[PDB]
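This document opens with one chain alone, in structure tokens, the form deposited in one PDB entry.
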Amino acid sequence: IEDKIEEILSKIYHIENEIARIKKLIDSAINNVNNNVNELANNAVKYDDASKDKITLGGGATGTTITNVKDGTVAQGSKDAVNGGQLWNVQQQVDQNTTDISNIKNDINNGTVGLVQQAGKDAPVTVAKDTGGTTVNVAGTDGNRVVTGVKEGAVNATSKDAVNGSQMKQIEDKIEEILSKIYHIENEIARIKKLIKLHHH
């Protein structure tokens, strides 16, 4: 019976040791799971709330980049996120459209496109050169039109210049000058009549 009691104290002795062992083991198991759960929680991306209708990214003022996004189907009503390489595809066409539009306007203003054209501000204004046809027609719905601002053109045998009202007035003058001379001539004729009548010898 000395041996029964002795046995018991040994058992207790070992139990005490085991309890201390377990204590440290539990302390460190628990602290492990915590650190891991904690870091996951500190790196995981999260829905704002239970509805999951919004994710407000966690980078702060400068915000957060999302990279390695596969190109999203670009179709009517697609719910896929689009990347910068897809936005760039569009930015190229738009920038082209912007250019083609500027190039048109700075081509109409400086008159290098259209039927009526002029290469430089001091240049011959040309009307439908590259095309053919025999006729230019200036009439409109109010009727025919006067063509003004017309500087007089060369008057020779090969001239294609158009002529103006001053050049017409000049002609008109000659005519009246000549009708006058002719009238004088007729007078001069009447006189020769009377002289052949009235003379004697």
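Throughout, rigid core stands for the largest set of C-alpha atoms superposing within 1.5 Å between the two forms. Positions refer to the first chain, counted from 1. First, how it differs from the form deposited in another entry.
The one residue among 56, 156, 67, 64 whose Cα position changes by 2 Å or more between these two forms, with the core held fixed by superposition, is 156. After superposition on the rigid core, the Cα atom of residue 142 is displaced by less than 2 Å between these two forms. Residue 43 is not among the residues whose C-alpha shifts by 2 Å or more between these two forms once the rigid core is aligned; its shift stays under 2 Å.
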The other form holds:
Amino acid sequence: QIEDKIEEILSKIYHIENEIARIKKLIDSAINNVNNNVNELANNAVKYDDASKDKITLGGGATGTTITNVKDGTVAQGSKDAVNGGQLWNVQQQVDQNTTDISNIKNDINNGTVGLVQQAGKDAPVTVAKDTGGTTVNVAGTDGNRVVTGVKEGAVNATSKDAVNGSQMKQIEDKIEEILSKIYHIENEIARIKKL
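Could you drop in the structure for the form deposited in another entry? We only have the form deposited in one PDB entry so far.
The following holds one chain only.
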């Protein structure tokens, strides 16, 4: 009738107050939820320093940040791929090898172990071109022929291959003169013998 309509009205209003009440709560936590998630992500995400994006300064503090699980970047001129310690490791091993081989070279040269002129120890004979052919050693240079000195007298026999020195030459030149002098007195005695 008339008081009927009014209770119906107060009834709906009551439900409305309750539904508003209820909905405030749901909306609140929904808002709070997404905010907490956004804040968590922001706290963890890696970022460009600014809108230009030409730099990322990592947030690990003065120690720095390790970045790991980096797939081997292409190693080529003009390549803009990050490289990892394993790729750097490979390079270092070849540089270490080079460093050693360089050292070995220097050592072998001084130890008389490589090259045409070698010596197997500090008391061994020095050999020259021992594993190679040819029949001539030539010691001439841009100023002409060279004297070969420090030569120890060589063996003097029928098949000796020792070089002979200035001293041994002298001994030969001494008997020659001796011969000639003795030919001189042989010739003067022949001359006096004739007079008589």
